[PDB]
Amino acid sequence: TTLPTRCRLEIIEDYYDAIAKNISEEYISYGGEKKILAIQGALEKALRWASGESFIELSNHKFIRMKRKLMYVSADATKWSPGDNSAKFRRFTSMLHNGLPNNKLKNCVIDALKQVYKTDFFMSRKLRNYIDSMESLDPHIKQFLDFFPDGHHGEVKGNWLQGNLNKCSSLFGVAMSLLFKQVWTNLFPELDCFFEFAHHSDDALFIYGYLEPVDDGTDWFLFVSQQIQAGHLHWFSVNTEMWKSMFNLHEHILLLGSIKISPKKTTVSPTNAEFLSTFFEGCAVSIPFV
Amino acid sequence: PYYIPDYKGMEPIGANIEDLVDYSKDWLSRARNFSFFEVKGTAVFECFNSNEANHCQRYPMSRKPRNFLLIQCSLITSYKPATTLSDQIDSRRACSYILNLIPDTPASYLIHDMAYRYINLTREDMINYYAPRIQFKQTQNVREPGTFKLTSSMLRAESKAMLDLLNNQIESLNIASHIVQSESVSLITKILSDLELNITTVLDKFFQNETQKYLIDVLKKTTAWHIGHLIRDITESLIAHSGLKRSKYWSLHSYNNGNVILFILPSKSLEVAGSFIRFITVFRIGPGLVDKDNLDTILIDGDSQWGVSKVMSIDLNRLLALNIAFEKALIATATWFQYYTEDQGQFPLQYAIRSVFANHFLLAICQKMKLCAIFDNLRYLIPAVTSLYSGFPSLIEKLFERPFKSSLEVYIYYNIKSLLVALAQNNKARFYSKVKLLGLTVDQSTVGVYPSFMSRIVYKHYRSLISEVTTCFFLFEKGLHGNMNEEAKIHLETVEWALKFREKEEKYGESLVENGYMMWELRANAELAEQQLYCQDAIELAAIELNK
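If you're matching them up, the sequences are chains B and U in order.
For the first sequence, PDB author numbering begins at 897 and goes up steadily by one.
For the second sequence, the residue numbers in PDB author numbering are 224 to 391, 401 to 432, 449 to 695, 699 to 799.
Be careful, since some hints might not be right.
According to the in silico footprint, chain U covers these stretches of chain B (three or more CB under 8 Å from chain U) [to be verified]:
id : region
1  : 941-948
2  : 956-965
3  : 1101-1110
4  : 1153-1167
Source of the hints: derived by calculation from the structure; they are not laboratory data.
Ideal placement from N, C-alpha and C gives every residue a C-beta, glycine not left out.
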């Protein structure tokens, strides 16, 4: 990018790094010195919750036994994607509370975000020469030529074009994960489930706590039918293997903020020593010595 | 002494968590599809077959595979470092062999012409051709220290035809045909078998005890060692010819007792970008990096066979990569050896070391973007088939996005398909247990051996397989990722996403995408929830939760 773009991205990055380094002990896994601590705490909380047992209350003062099981999602939620909006950070920082009595620097960050919303994408000489050499295929060539009116540059919106917004995107994703956790708590006041997350660099680890029947009886199905007959229409996707529903609600909430969990590069598997060992090794070291 | 200008601010909209709870209730009250897919072994096999059919349909068929070995050489005996005296005593004898062969193709005619030109060089010019640049003298036939001239008078009709031709849509091999795959795997297996064939402080103590004893000693007698040294000498000669003065003149060199002969055509110098150096090689048929199909022609001598390759233009970056091919292969094999020792806890056999060394060497010799992309994908597919639910099919189309040109690509695709199917078949049984993780004993859905890629060994942890694929991926030079295809792809991706943004903006209004969308219109539309679009209420609520 150009110098003013670098200046604006530096302003936003510095402000968000300052506001995010303080919560690095629990949520954001800051590499180098304390990367392992937040993920270790999250895993300890998850294992402690799994060690317990759940007893959902029925209508007639009954207690149905449910098994507390966990499975983990490894996703690069904060990885830069071409389809994104830089304008969504404006309202995010508009009332992200800080210790400053005034609201001067916050307005500066808002203005920087507005300025970086606009951008122009410029052709490269080698690409122009290559396209000038027997452009044959219709769709991509025609759309590419249409995007440049003068044949040299065009207008792009939304994406910061892989600018330095890593900490800002990490904080925003942490905020949306917290929003999803609170929403899941609000929807289910009796299904005391579990959810913890930790973001390291560009990827994040999500812990989902779901419940399954122990005796494989119809008591869970009976409770689901009673709930769905009582006016709680949202229990339809909960009777059988509700961790699908947990992840789907998380994904929809994230998409509400234009954050997409890519089908590629994302793996979900139940508790496994090798899985967690690989995640810890990836968090500890990023560049192989080879 | 600076005052921050007022600029502008944003009024906080009240919003409500209960509204989003209502939306969640409405959204959960229907059928929801899971974006991920289950790994079953049959699923990955079916995906591979369907993608094979789609790739065969999309690209035109091709019956003649292209070339993969950038340099064509052979060795039967041992190799020694090349010197000026060895260079002359090999060039004379090589020209003596060449002048007894009846040409059959125009490239062979050019080779014979160059050999005749060199063997008839004057003693003064021949001596000056092997002189240090501080000592050389300008002559009539030899001008630069290691070059000579060849005008149109000496060229025959065929040679003039090839010079004129050199001076002056995308297909792919049929992957769904077992005959082509079998032929490719047989050829590559023969090449690897030839490569693996043998040729007749306290830290130093530890090194000589373990590494020097079980890696260098084992690989010293391998054919790949001497092949790499020969390729190194060839690359040194080509780099020497790459000078601006020496580029536009002919040249000739020979190595290994006149068995391997190096011919240099006048090529554009490597100072300016987009320049390729043209060279031809003649060698004796034998074990080594030999491909009969890709060879230009074969010449029959007395109880012997002599082969010549086509014109072979290479770039500066790929030339430098070849110059360090042996060292890169050795470092990759040392990394693999260390990882094997860490995983299995013992030392590798001398067959696995030879196999992995041959594989790494062949990867280093043949630098192509297709192989680099394939290994980059394989770096991520192994986690996909190791886990329970993953987006493996999209990774399969990522493998199949590029066309196939050479037999190495077919061989690597076959090996990858076998490995992935085996890994997926392994996942069938998942038993629960109770072992300690961190400070609390918990359950585990642990599946139990992981097959290797370049050898028949079996790993204890798939992190070793990831390290193996990583080492293979980094054997490709950093800079092949700046090819025309990648730049076009990234430009097109950015432009396509910008066009999608413009379409959404014109369909839903400028300010709607600009400032985000309110939630009541989201619930009255149910389509606004997508990428490149955000809900102001969601941002408000996320900010509140973070502020909490």
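Violations among the numbered hints, reported as their numbers in ascending order: 2, 3
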